[PDB]
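J.: Take a look at the letters that make up each chain.
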Amino acid sequence: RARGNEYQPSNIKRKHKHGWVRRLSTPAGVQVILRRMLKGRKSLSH
Amino acid sequence: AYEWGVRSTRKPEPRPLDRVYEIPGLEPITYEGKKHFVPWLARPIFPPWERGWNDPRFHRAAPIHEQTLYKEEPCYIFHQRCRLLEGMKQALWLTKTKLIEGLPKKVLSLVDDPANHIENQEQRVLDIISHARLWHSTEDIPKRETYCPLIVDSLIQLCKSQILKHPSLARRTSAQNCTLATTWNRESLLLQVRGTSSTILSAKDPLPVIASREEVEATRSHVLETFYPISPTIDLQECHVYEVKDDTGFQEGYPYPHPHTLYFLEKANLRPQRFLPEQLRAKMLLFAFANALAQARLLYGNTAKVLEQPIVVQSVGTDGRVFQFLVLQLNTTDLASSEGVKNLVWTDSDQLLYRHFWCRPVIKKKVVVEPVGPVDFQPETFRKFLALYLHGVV
Amino acid sequence: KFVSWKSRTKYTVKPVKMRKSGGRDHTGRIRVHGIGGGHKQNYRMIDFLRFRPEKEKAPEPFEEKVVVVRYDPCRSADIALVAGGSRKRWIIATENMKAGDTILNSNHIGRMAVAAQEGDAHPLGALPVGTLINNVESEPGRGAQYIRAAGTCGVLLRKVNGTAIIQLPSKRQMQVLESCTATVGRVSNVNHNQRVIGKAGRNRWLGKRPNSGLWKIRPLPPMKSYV
Amino acid sequence: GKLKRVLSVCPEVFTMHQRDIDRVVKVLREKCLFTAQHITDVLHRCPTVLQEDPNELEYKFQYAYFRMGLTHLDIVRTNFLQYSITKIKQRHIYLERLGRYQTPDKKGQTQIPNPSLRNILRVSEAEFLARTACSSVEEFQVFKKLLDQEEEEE
RNA sequence: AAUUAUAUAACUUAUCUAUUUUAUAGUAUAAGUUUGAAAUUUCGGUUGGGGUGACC
RNA sequence: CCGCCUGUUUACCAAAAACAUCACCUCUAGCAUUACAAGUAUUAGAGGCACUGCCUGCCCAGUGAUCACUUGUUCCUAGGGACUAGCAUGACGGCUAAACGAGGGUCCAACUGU
RNA sequence: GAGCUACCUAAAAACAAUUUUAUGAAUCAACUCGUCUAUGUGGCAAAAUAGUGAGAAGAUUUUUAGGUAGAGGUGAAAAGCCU
Ligand SMILES: [Mg+2]
Ligand SMILES: [Mg+2]
Ligand SMILES: [Mg+2]
Ligand SMILES: [Mg+2]
Ligand SMILES: [Mg+2]
Ligand SMILES: [Mg+2]
Ligand SMILES: [Mg+2]
Ligand SMILES: [Mg+2]
Ligand SMILES: [Mg+2]
Ligand SMILES: [Mg+2]
Ligand SMILES: [Mg+2]
Ligand SMILES: [Mg+2]
Ligand SMILES: [Mg+2]
Ligand SMILES: [Mg+2]
Ligand SMILES: [Mg+2]
Ligand SMILES: [Mg+2]
Ligand SMILES: [Mg+2]
Ligand SMILES: [Mg+2]
Ligand SMILES: [Mg+2]
Ligand SMILES: [Mg+2]
Ligand SMILES: [Mg+2]
Numbered sequence: 047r048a049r050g051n052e053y054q055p056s057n058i059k060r061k062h063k064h065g066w067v068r069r070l071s072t073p074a075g076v077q078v079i080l081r082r083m084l085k086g087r088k089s090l091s092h
Numbered sequence: 030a031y032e033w034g035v036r037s038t039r040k041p042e043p044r045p046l047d048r049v050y051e052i053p054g055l056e057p058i059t060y061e062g063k064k065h066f067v068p069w070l071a072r073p074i075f076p077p078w079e080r081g082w083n084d085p086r087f088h089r090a091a092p093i094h095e096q097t098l099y100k101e102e103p104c105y106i107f108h109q110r111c112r113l114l115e116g117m118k119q120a121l122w123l124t125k126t127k128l129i130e131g132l133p134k135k136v137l138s139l140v141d142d143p144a145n146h147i148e149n150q151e152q153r154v155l156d157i158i159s160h161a162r163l164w165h166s167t168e169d170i171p172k173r174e175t176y177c178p179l180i181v182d183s184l185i186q187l188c189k190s191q192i193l194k195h196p197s198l199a200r201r202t203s204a205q206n207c208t209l210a211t212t213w214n215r216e217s218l219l220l221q222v223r224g225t226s227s228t229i230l231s232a233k234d235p236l237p238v239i240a241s242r243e244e245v246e247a248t249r250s251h252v253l254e255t256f257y258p259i260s261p262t263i264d265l266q267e268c269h270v271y272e273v274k275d276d277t278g279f280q281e282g283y284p285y286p287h288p289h290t291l292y293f294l295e296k297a298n299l300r301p302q303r304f305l306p307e308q309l310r311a312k313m314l315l316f317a318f319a320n321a322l323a324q325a326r327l328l329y330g331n332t333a334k335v336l337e338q339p340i341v342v343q344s345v346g347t348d349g350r351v352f353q354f355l356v357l358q359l360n361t362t363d364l365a366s367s368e369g370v371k372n373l374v375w376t377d378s379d380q381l382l383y384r385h386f387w388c389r390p391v392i393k394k395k396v397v398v399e400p401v402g403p404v405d406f407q408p409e410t411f412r413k414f415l416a417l418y419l420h421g422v423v
Numbered sequence: 062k063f064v065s066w067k068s069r070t071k072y073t074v075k076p077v078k079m080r081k082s083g084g085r086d087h088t089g090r091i092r093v094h095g096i097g098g099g100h101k102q103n104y105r106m107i108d109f110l111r112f113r114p115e116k117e118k119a120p121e122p123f124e125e126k127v128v129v130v131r132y133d134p135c136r137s138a139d140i141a142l143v144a145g146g147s148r149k150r151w152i153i154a155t156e157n158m159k160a161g162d163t164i165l166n167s168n169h170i171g172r173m174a175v176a177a178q179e180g181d182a183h184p185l186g187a188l189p190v191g192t193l194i195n196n197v198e199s200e201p202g203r204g205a206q207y208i209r210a211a212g213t214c215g216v217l218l219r220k221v222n223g224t225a226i227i228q229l230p231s232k233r234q235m236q237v238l239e240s241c242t243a244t245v246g247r248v249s250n251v252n253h254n255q256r257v258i259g260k261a262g263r264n265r266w267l268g269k270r271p272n273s274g275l276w286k287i288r289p290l291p292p293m294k295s296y297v
Numbered sequence: 174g175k176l177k178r179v180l181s182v183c184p185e186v187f188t189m190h191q192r193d194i195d196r197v198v199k200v201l202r203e204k205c206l207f208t209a210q211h212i213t214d215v216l217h218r219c220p221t222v223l224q225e226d227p228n229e230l231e232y233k234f235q236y237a238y239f240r241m242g243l244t245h246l247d248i249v250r251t252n253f254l255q256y257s258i259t260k261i262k263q264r265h266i267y268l269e270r271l272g273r274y275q276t277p278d279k280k281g282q283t284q285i286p287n288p289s290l291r292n293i294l295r296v297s298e299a300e301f302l303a304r305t306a307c308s309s310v311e312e313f314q315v316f317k318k319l320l321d322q323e324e325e326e327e
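Residue numbers (the authors' numbering), protein chains in the order written: chain 2, 47 to 92; chain 5, 30 to 423; chain D, 62 to 276, 286 to 297; chain y, 174 to 327.
Because the hints were derived from the structure by calculation, they are not lab data.
A portion of the hints provided could be inaccurate.
Pairs of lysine-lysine, DSS-like flavour, derived with a Cα cap of 25 Å [as the list claims (entries may be wrong)]:
| # | chain 1 | residue 1 | chain 2 | residue 2 |
| --- | --- | --- | --- | --- |
| 1 | y | 175 | D | 294 |
| 2 | D | 126 | 2 | 59 |
| 3 | D | 101 | D | 126 |
| 4 | D | 232 | y | 260 |
| 5 | 5 | 40 | D | 126 |
| 6 | y | 204 | D | 294 |
| 7 | D | 220 | y | 318 |
| 8 | y | 279 | D | 286 |
| 9 | D | 294 | 5 | 100 |
| 10 | y | 280 | D | 232 |
| 11 | D | 78 | 5 | 118 |
| 12 | y | 199 | D | 286 |
| 13 | D | 232 | 5 | 118 |
| 14 | y | 260 | y | 177 |
| 15 | D | 294 | 5 | 40 |
| 16 | D | 149 | D | 67 |
| 17 | D | 101 | y | 280 |
| 18 | D | 286 | y | 317 |
| 19 | D | 159 | 5 | 296 |
| 20 | y | 177 | D | 294 |
| 21 | D | 286 | 5 | 118 |
| 22 | D | 294 | y | 233 |
| 23 | 2 | 61 | D | 75 |
| 24 | D | 116 | y | 260 |
| 25 | 5 | 100 | D | 62 |
| 26 | 5 | 40 | D | 286 |
| 27 | y | 199 | D | 232 |
| 28 | y | 204 | D | 286 |
| 29 | 2 | 63 | D | 62 |
| 30 | D | 220 | y | 199 |
| 31 | y | 262 | y | 204 |
| 32 | D | 220 | y | 177 |
| 33 | D | 220 | 5 | 40 |
| 34 | D | 81 | 5 | 40 |
| 35 | y | 175 | D | 286 |
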């Protein structure tokens, strides 16, 4: 079958998988935020 | 013995207290001053909190034992949803009554006279059935929660048209969703009834008595049947916080003090939520008996005695297709003992108005096997319905 | 995130809704293979302690009335609703139970043997030796755990002192005190094993998934030659 | 009845310590790959096995399994374990050298039908030599002594 | 295949409790023995390419 | 010819004779508060394998005949006892069986710019 | 990293006409799949189009949200699948 379309957008899924509350839930996710703050990223999370 | 509720689903036990608390004479240092939790300081112990005033939206009820109406002795309450396991037999025991099969001869004769016949009676009845089941709605198949109430109101309207012949029918009125209650004792058991009626027909004059004093006295030979090992209170609600009340349905001073008929409906769409026939009849006795007793107690006070003037009340119950009829006579208010004069009840059971209804024609191989409309209509059932309505005037 | 559905705390006769597992632990990984799907089902709580006296009642033998004998999706045997006093509860149904019968639950270790009718619960000591039984209890007051399947019965082989030997359906003998209750008679649905599934689709209804496609005596040194 | 025979043959079963009983059972299960039912069969049939120490029962079983080519069922049916190792080696080795016995091959086949195990062991020595082997009594006595010397050298 | 292997499973000896008149129960650990789920590492040379042989 | 049948599989070179499957067979387990399971040997887990009927079925200790000897296995010293009467074989073939298939072949008729 | 795909949990949904019966039956749309041939091959398309084919009340198909993670997971075993 034809590939290239694996992104089936859904806002509820997007915010739960990669969102702010999700990142802060574990210590590993909190360190993800710290790295992006040190680099200077304008977007810390979805 | 197996215990219900797995531990993983139960609330977890409180954390153990810090060991610094064990040491006597030492004041712990906590994070209370900071106003937030930190993992490396001791957990404070706070005293219980009181707002200092009452917030209606966050009211909390006091425990049962603190309620002003708490009573050590239990009261068993019968309400709408209660379904008696033993059916009529248990109902008769609770009300100290004797059962006669078939309707009273006087009432039955009212309709045998062709003068009481309505014009085009059979055709008009067929139209009401079709309107209740098919025509009233925009939907293809209406549901019982709609047509079951509708069939009864339409039939009452048909019978109520007989005022042209009998001007005396203007002395009665009907109300919706009135409530009834009574308190009485049976062999040391305190019993109460809390209920409601779909509609109540009230009259300005009492109904004629059915049985003579001679028949009333002859009941003493009859003995109420028992059903060991099952207790009479099975399926009743045991209450320890209750109040003693009696209610006919209207406050004192109502111009129409005599209730004529009580109507009860089974309008639930799902079968498990609908009373079975026998259980429906048992509910009718207790609800009707409560109405009669409350009316008696009102007139003759709270004393117990054999009544000089018996009280008669009628009841009709249906699910929209099958009909059941009831007439009750209250002879005595001394129910504490199981022996003595007994009340009397007449029952006509499982009267089918129609067998089935088709909202669409039945077609097999392009042949209309069954047309739309009622199947196996029985006009006899309506006449019994009409006879009860006319009783007390004609 | 998995939370067990077995959280209800109070006994009742109303059916309870069940959640299936799929063979997965609370972690979420498969632990048992071959489980999945099937028809939706409701749980009816069975009371396995036959001699439970009612609230505020003394401990002496009582009787109860058989209201129904009904099919159960969660077992191989069938169950019966029984009412006594002002209480109703489910129990297991013996081979020949019928609606309207009356049954006896006893607390009395008769010095002599008590005549036994199918379905009544008696302490093991009373029953004569050789009388078939089921729903056996290992310890007094524990609740039945053995021989509660369809068409299965045990035998009371022997009694000495205050301890009896029971023969389980597997034929492995077992012993227990004589103060633990048991009910006489074989369990219902004696012909359960005779069923024929017929087609593969029927197993999928029961909640069974298909198997997987995938398809040690070490000799001693003197045995190496003739391996 | 199984207990009755065990008690008569091996009165010390009750007296024996836990350790001793477990080792005999454990050898039969883990090292000999006997099923649950057979284990009960062997204990009832030849109670003397419990007295026998381990590392001798295992050798005896492997002798039949590998060298003699017998199967689990054959051992249980014939009460092979009951017999002594000396008798097994003396008779089996004599037949093998004579060419009257063949270890089954990898395929499971034998060019010549092997003698029945009952004839090898159950029967008397006189009948065994006269009928199964068709040999002379004197030759067997010489062979037994010769075998003894070889074991001594071993 | 070589080297290990408190994955499990068994035992044994201590240690710590109970008792017992030596004695049998158990065991937050240490040292051995037995099983082996696994772990790391390797695939001499000349003889065409094999197949049996050889050979250094 | 192969497979019993409806189903499944190598997303992007393989859809099948492979995998699953009702049926049948072997092995392991006597028990509760998170799976198996709010279950208990007619139950649960692991694995093999077409079904159906039909031939081929043999390590019971031998001979006498429920009885005596001869064996075997053990002890106590070549003698003396004890035990073996609460059970009793098995292993292949040809079978297919109607139906079913975008499975692999052979053939007749019709049909046609092959 | 399970918004693709593999399997599972919860809440929902679709199935005309005709013949049989009383069904993993039959003919054949919707819908799901992908036997055979030609075209295409930097293509309309990093796997399509045109015809022709298999199933189509069931072990059926479909939607929404949740679960299992690389020494691993899932698997009607193709050493298949896990952007
Ligand atoms: Mg992209
Ligand atoms: Mg396989
Ligand atoms: Mg096939
Ligand atoms: Mg197919
Ligand atoms: Mg699949
Ligand atoms: Mg492919
Ligand atoms: Mg195909
Ligand atoms: Mg293909
Ligand atoms: Mg296959
Ligand atoms: Mg095919
Ligand atoms: Mg031709
Ligand atoms: Mg998903
Ligand atoms: Mg999707
Ligand atoms: Mg259809
Ligand atoms: Mg596909
Ligand atoms: Mg087809
Ligand atoms: Mg088709
Ligand atoms: Mg179909
Ligand atoms: Mg393969
Ligand atoms: Mg391969
Ligand atoms: Mg990738």
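J.: Each hint should be assessed against the structure and marked as holding or not.
T.: Comparing the hints with the structure gives:
no., hint, result
1, 175 (chain y) - 294 (chain D), "37 Å, violated"
2, 126 (chain D) - 59 (chain 2), "56 Å, violated"
3, 101 (chain D) - 126 (chain D), "31 Å, violated"
4, 232 (chain D) - 260 (chain y), "39 Å, violated"
5, 40 (chain 5) - 126 (chain D), "39 Å, violated"
6, 204 (chain y) - 294 (chain D), "16 Å, holds"
7, 220 (chain D) - 318 (chain y), "59 Å, violated"
8, 279 (chain y) - 286 (chain D), "16 Å, holds"
9, 294 (chain D) - 100 (chain 5), "90 Å, violated"
10, 280 (chain y) - 232 (chain D), "40 Å, violated"
11, 78 (chain D) - 118 (chain 5), "34 Å, violated"
12, 199 (chain y) - 286 (chain D), "15 Å, holds"
13, 232 (chain D) - 118 (chain 5), "49 Å, violated"
14, 260 (chain y) - 177 (chain y), "28 Å, violated"
15, 294 (chain D) - 40 (chain 5), "63 Å, violated"
16, 149 (chain D) - 67 (chain D), "21 Å, holds"
17, 101 (chain D) - 280 (chain y), "53 Å, violated"
18, 286 (chain D) - 317 (chain y), "34 Å, violated"
19, 159 (chain D) - 296 (chain 5), "33 Å, violated"
20, 177 (chain y) - 294 (chain D), "41 Å, violated"
21, 286 (chain D) - 118 (chain 5), "74 Å, violated"
22, 294 (chain D) - 233 (chain y), "15 Å, holds"
23, 61 (chain 2) - 75 (chain D), "41 Å, violated"
24, 116 (chain D) - 260 (chain y), "75 Å, violated"
25, 100 (chain 5) - 62 (chain D), "45 Å, violated"
26, 40 (chain 5) - 286 (chain D), "50 Å, violated"
27, 199 (chain y) - 232 (chain D), "23 Å, holds"
28, 204 (chain y) - 286 (chain D), "9 Å, holds"
29, 63 (chain 2) - 62 (chain D), "15 Å, holds"
30, 220 (chain D) - 199 (chain y), "33 Å, violated"
31, 262 (chain y) - 204 (chain y), "22 Å, holds"
32, 220 (chain D) - 177 (chain y), "20 Å, holds"
33, 220 (chain D) - 40 (chain 5), "46 Å, violated"
34, 81 (chain D) - 40 (chain 5), "23 Å, holds"
35, 175 (chain y) - 286 (chain D), "31 Å, violated"
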